[PDB]
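Just the one chain here, laid out as structure tokens, in the form deposited in one PDB entry.
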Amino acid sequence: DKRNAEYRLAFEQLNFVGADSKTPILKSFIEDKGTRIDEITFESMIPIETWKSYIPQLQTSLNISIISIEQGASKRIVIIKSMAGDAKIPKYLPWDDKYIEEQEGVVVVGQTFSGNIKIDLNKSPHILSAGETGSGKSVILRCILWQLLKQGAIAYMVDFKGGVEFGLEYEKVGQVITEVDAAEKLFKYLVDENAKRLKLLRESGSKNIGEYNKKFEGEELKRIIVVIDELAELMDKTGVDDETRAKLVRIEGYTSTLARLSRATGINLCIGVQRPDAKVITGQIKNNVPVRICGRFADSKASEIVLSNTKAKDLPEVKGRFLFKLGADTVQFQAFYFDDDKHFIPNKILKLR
């Protein structure tokens, strides 16, 4: 084999031999086609310290970006997590209105290996974005929102933390929800509106909202984008008042109902999650939210909750570098950087009519 033959010369060239005077032997190269993070296993007599000392040389020799070098099952075996020099993805990519999709309902979240990541909300209607504080899971949601505002959609924004993440400029573009009573009224309305559109399609004999809009002129239904900053504000019922938790259990009722029956009604949920918990990302939320955006999660348990795999732990530590799952396949992408005080121009959306 070519790889074993290649690696052998790279080691001979570095005189990278153990106490036994023998070069590391390649046990397995497990390449990921989706994330494109390869897993290079070697068993040598060289200690993990000497390996780490050689990461800059090993990168230049094998032409790889070493994500991590860890010790395997035995103190003889090492595992390298890397990406070839050809798995080229920007380390930083800002937002540009040039990316805004023409097709009403298609949104672009960033750049991948082969092209850009696109989500058609007529096909995949709900997005679950997850990541630690400062990962940029909010940035994505704001960018999806901007693209939909530009597409002329109705926007609702949920942030129970005084609505600080949805400032006075966001307020101009749509309704901002800050309390459980407002969220109760909003989610009840969203279920009623979803059901209202559900019968219009039945009666009109139209597949989606677009197929009805081309049948009724002055009665055109606009897309509804409802972004939730922290699912846990609606999910996590622990601590609140006896009357407040009946309100939260109603919000949870309506949310489940929204995610389940709103593929054709053009009502979309974009949910951010800081702390992936099974009490928050319920199987009802999982079964009905098809789009998964995942930041680097140190734990294997938090990644399984989100992606239904342990891929988030192998993410190269790059600000805005996420994982993307839709259906079975899981891919690596660099999320566009959406700067609020650079790209969010609320008057450009008010001009739209």
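If you superpose the two forms and keep the largest set of C-alpha atoms that fall within 1.5 Å, you have the rigid core. Shifts are known only where both forms have a C-alpha. Residue numbers count along the first chain shown, from 1. First, how it differs from the form deposited in another entry.
- Each of 279, 56, 328, 86 but one sits over 12 positions from any hinge; the one at the hinge between the rigid parts between these two forms is 86.
- Hinge angle between these two forms, smaller rigid part versus larger, from C-alpha superposition: 72 degrees.
- Segments of 3 or more consecutive residues in which every C-alpha moves by 2 Å or more between these two forms, counting only residues present in both forms and fitting on the core, are 1-85, 210-219.
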Given for the second form:
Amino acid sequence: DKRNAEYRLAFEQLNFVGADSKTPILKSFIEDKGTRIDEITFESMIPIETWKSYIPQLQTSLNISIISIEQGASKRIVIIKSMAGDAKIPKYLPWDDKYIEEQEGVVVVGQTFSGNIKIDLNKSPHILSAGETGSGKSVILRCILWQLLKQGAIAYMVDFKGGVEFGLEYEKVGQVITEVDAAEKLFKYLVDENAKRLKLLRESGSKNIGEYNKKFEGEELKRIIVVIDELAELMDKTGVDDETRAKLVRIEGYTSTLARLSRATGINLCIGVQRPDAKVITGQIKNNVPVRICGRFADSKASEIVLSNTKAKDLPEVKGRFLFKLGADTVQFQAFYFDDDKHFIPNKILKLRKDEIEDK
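With the form deposited in one PDB entry done, generate the form deposited in another entry in the same format.
Below: the lone chain, stripped of partners and molecules.
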């Protein structure tokens, strides 16, 4: 009843009253400790639209973070999907190998208010990390790569800045693609590999490699992970000769093909973008890339591309503070500080690899 009287007061203050002078009466307070989110229900004579416009006034009074105001059973009943006003988000989040998931295909990206953000690459298969230069953006992808490498995945890194963001260390664990020629060979291969895989899956009678891999263990399908340091490196023809203009288009057709058909076959794309543009994050790419990571952008246009809303502006001036987006919802999180010197250890991967081959 402490919560009932604390609301009664906040409403009483805001003069938040119905057509009947009656303030909103509290009905249920569902304390989901697991999700740190609470289902607060009120019966009032105040239409949802009016609760919706008064959301900032409510938030500040009741010290809460409202997510949604869904209408309940009747027009007078309204459920406020909302979490605490003491939003538990870290200052700096250092990486630790303890976070590596045992569920093959799952990757942690950082910590939200409740807990660590997980991603099932069998559910949502491709990641788009956008953020201006001044770090963060790619560090999230390199961190994801490490997790999958540790889960025994096959890596392909794509870096046209002559393989600078993926050093000789990364070349120990996989192929680093630095030019249009290799990028063409590669994206063509992956497309043919995805093709060979859809055959095996269909015939085995499995919907994804998660299913298929529970069915075959001696010979399993290795997950393929494709990191693209910068997309615009591939996504910009504006200058090249006819021969190259063709290659970059061929590459645009393969990327589109994989992005649209991969989910089942275990071929995952992680894309970095320093500045969103519709000529870079094209139709297909955005259409087929579920996960969206967004950095502090002062441009509303850039936010609309990736997040398809303008929440990137509203981010705090903290390094690692990003916005994860899957489906409709968007959360504020501190990503892991992944240092390629201390955290990336190629030997550990070569170890797993010797250890897996020293069987069958």
